[PDB]
Structure formats: C-alpha cells, structure tokens
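**Q** Residues per chain are reported as follows:
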Amino acid sequence: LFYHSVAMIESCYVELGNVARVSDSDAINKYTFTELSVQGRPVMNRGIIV
Amino acid sequence: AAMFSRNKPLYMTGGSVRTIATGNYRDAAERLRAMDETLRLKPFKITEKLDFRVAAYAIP
Amino acid sequence: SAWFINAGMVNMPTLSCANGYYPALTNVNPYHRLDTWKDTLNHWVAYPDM
Numbered sequence: 350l351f352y353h354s355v356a357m358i359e360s361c362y363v364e365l366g367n368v369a370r371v372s373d374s375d376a377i378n379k380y381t382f383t384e385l386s387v388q389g390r391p392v393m394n395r396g397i398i399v
Numbered sequence: 599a600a601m602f603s604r605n606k607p608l609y610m611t612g613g614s615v616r617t618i619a620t621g622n623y624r625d626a627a628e629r630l631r632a633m634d635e636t637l638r639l640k641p642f643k644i645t646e647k648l649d650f651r652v653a654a655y656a657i658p
Numbered sequence: 300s301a302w303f304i305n306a307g308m309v310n311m312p313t314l315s316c317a318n319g320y321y322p323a324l325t326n327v328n329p330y331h332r333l334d335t336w337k338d339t340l341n342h343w344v345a346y347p348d349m
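If you read the protein sequences in the order shown, they are chains DL, AB and AA.
Positions 350 to 399 (PDB author numbering) are the ones given, in order, by the first sequence.
Positions 599 to 658 (PDB author numbering) are the ones given, in order, by the second sequence.
Positions 300 to 349 (PDB author numbering) are the ones given, in order, by the third sequence.
Do not rely on the hints blindly, as some may be mistaken.
As the list claims (entries may be wrong) - Below, a list of computed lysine-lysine pairs in the DSSO-like style, where the Cα atoms sit at most 27 Å apart: (1) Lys379/DL with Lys337/AA; (2) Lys640/AB with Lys337/AA; (3) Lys337/AA with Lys606/AB; (4) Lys379/DL with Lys640/AB.
To be clear, the hints were calculated from the coordinates, so they are not data collected in a lab.
Produce the complete structure using the sequences and hints provided.
**A** In structure tokens:
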C-alpha cells in the first residue's frame, strides 16, 4: 500500500502543477476539467473521482 | 389570448406546458438509462504552443 | 433630448434558485441547447473592458 500511495499522490500533484498554468478563458480549464472526463452518474464530483 | 384582473393585464409565467402522453415516460423506462453505471474517466493530452508559460488541453 | 426626459423601466427578473437544497439535480453531465453556451463568460473573464 506504501508504494501504491506514493504512486497516486505523485501522479496527482504533478498534473495539478501543469493544470494551475492554464487561463480560465478555455474549454478544459481549472473549474471544468472533471465534468468532461467523467462519463458516469456520481452524486457530487469530489473525493476519489477528482 | 388575453386575461384581465383588477383592471390590469394578468400575464402567464413559468415553463411551456406540453401534451403529456403515456408513451413519453415509459420510453425512458424502455431506455431505463441502460448506460452501465461504471465511472469511466477519459484522459486529456496536454499540447504545447509558442508561449509555453500557459497550458492548453486537447480532447484526444 | 425628448427621448431621455421620462425614466425608462429596467425589468429585473425575480431571484429564485433551488440548487443548495437539492444538489443531486446538478451533476457532471449538464443539459444545454447550444454547444457555444460558455463563450460569453470565457470572453468577459479574459477581456472585461471589451
């Protein structure tokens, strides 16, 4: 689980690095990158989905 | 069509009323939302251009 | 100057919203009529003085 944990946080914090450097005036931006990717019916886009 | 009340015009507000049929609901029951309730997350490939300071995501 | 004597009336719609009570109705797959439905905000946030 230790190796699986570091693999997940390293994947997330790397991508949030190059997501923070996009202008709001764009299709896939800071606020609306979760909605277009998700093709299901979750209650709220939070927790494990993001 | 016009309606009056208290010597002033009474206007209709809200949504557009439709002719509800028995078929219009049970076609969504026939549909069932048959999209298997499986959270399929699709990726976005980052694309670099002249500035490089700001990032741009593409669909494929 | 005859146009601007009598005060013209600005029709402001009544403020009502039920997203806070039932957050299940607002999810990741929203309904829109036009596909260019986020252009006006993306334009303003980029160039306010336009």
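**Q** Mind checking the alpha carbons of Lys337/AA and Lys606/AB for me, to see if they're no more than 27 Å apart?
**A** Cα-Cα ~39 Å, so violated.
**Q** Check the hint pairing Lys379/DL with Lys337/AA against an upper bound of 27 Å on the C-alpha distance.
**A** holds, 14 Å
**Q** For the pair supplied as a hint, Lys640/AB and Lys337/AA, confirm whether the alpha-carbon distance does not exceed 27 Å.
**A** With a Cα-Cα distance of about 21 Å, the restraint between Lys640/AB and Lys337/AA holds, given a limit of 27 Å.
**Q** Next pair to validate is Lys379/DL with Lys640/AB; report whether the Cα-Cα distance is within 27 Å.
**A** holds, 17 Å
In this structure, the one hint that does not hold is number 3.
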